[PDB]
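As structure tokens, one chain now follows by itself in the form solved without the partner chain.
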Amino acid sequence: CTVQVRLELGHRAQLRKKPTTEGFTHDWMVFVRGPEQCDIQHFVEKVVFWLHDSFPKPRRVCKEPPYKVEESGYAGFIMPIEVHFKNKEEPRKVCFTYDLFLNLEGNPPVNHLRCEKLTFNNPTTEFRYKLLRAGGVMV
């Protein structure tokens, strides 16, 4: 059997009224979540967000919801995001390369969503139940 689950990755960015002491222009927030009335914590062990090289402790881990990072910056960057599963077999995780882009001065805030369907072929019984408890569907 095959079980499909959905993830939503997203981000919001806007200009700060007042730049930080480093002079960062923007606040941003990146997240991983499930669709409404779904609970991805049943099958997700943790989410790791890899911030820009410039950050202190760039490896940011969320072991429970909300799976989100909120920071300030001057520029967008490519953000590796790892979603680790409560699985004993492969795949143990999925990796996304997320386009964290900011609004150019003048332009309204950014509020984006990237929807990902995961297809698990022949998951173990134990993991199958986690996917289905999260609101996954047999296909």
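Numbering follows the first chain given and starts at 1. Only residues modelled in both forms are compared. The term rigid core refers to the maximal set of C-alpha atoms that superpose within 1.5 Å between the two forms. What changes on going to the form deposited with the partner chain bound:
- Note: rigid core superposed between these two forms; among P58, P35, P109, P66, the CA shift is 2 Å or more only at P109.
- When the two forms are fitted on their rigid core, the residues between these two forms that move as a run of three or more, each C-alpha shifted by 2 Å or more, fall solely in 104-110.
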Given for the second form:
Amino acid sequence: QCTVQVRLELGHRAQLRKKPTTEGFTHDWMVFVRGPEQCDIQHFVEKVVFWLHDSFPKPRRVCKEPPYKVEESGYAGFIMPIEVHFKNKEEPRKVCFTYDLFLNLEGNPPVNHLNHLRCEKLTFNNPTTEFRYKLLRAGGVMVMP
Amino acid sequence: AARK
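Moving from the form solved without the partner chain, what structure would you give for the form deposited with the partner chain bound?
In what comes next, the whole complex appears, and the chain from above leads the way.
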């Protein structure tokens, strides 16, 4: 009875533009999904889908290859659903996350640049030898339940 | 502030 644990980092960067765009976009931002500490999650990740707000053209943004990121400009923050799909025949084939993109914070001295990061731990129960190999090539660690 |  083997249990495999893998870690993913979800984060974002946002910066006030020197000059707003013609449509009034005030900020440049990036949202990303990556492995911690030089672990390559491409061994076990097939693709990552970033679901942007309806206001953006073609909101369903797909990264099938690293880097897994979206870089955009805008005027407001929003909740971004994010789907990480696995290189697995069996279930689970995907995991769903939600990421809160925030562009600003209220502060005595204004800050032009912002960055945030979260650590998400994923647990797979009795994977196949092929998928286990994939998770462990990406820095996964196995415990016994 | 600005949210959507």
